[PDB]
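Before any questions on how it binds or moves, here is one chain, the form deposited without its partner chain, in structure tokens.
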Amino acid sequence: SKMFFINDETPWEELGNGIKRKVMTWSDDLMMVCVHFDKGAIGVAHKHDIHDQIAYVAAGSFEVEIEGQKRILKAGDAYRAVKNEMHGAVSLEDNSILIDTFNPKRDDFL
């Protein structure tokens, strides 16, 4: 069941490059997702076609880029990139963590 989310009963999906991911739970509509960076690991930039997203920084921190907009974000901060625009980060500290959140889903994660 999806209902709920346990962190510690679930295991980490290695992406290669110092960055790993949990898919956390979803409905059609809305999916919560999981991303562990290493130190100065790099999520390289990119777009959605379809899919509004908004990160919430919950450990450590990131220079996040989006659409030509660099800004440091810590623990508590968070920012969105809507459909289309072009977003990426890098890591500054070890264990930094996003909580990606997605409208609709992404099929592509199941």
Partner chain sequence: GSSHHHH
Second form
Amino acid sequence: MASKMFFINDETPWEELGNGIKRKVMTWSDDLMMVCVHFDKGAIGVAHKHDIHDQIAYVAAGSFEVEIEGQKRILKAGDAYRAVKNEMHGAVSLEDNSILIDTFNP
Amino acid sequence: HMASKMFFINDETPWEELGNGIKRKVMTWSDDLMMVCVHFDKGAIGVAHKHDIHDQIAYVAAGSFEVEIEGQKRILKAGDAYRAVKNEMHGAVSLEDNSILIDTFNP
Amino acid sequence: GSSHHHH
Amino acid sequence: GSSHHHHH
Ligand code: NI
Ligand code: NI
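Having displayed the form deposited without its partner chain, please output the structure of the form solved in complex with its partner chain.
To see the whole picture, the full complex is given below, headed by that same chain.
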């Protein structure tokens, strides 16, 4: 679909990803993309790295244990984390209805 | 001169007052990406402006806003977002206290 | 992203 | 940003 000027969350369905994770691609341009990622308690964002882009994610709701290149913090709503290209990063949700807003430059 | 953060912990980071009902926190950044929290009292105005060379995508973390981009206007609430690509005029008006936009852009 | 899925 | 301000 076309990118949105205005993303209205409650008008937009979830895309189910399996294993307690679902998402909404919110909007994007050539240079930026924003995605809402929703986690059940215990859902795991499997550790991975991106060769060619950076990622900053905002904790919109709930809480997570986030591990980045072997450093690990518990983050709650209002917090954020940075993973630059080639840094391994993953997240474990600590409660239902936990949400990360991921931003990156694809 | 302050180094960018791997982990931004909101309640450990003070606000930078900007005046006129607006305060912010630069949260973290890389060479390619930056994230800033902007907090508005009711009626505070993000004056309409544009960026020549970079895009912007903003998340409504809390509260609500009237957002106007290139003459189109919507009321956004927590969970919503908006896009303003380079050279697009955009501005916002807070509709309630403690309304927060998480701005992302390519610095 | 914060999960390992891409688009 | 969502406000007019720049960050030097
Ligand atoms: Ni990632
Ligand atoms: Ni702007």
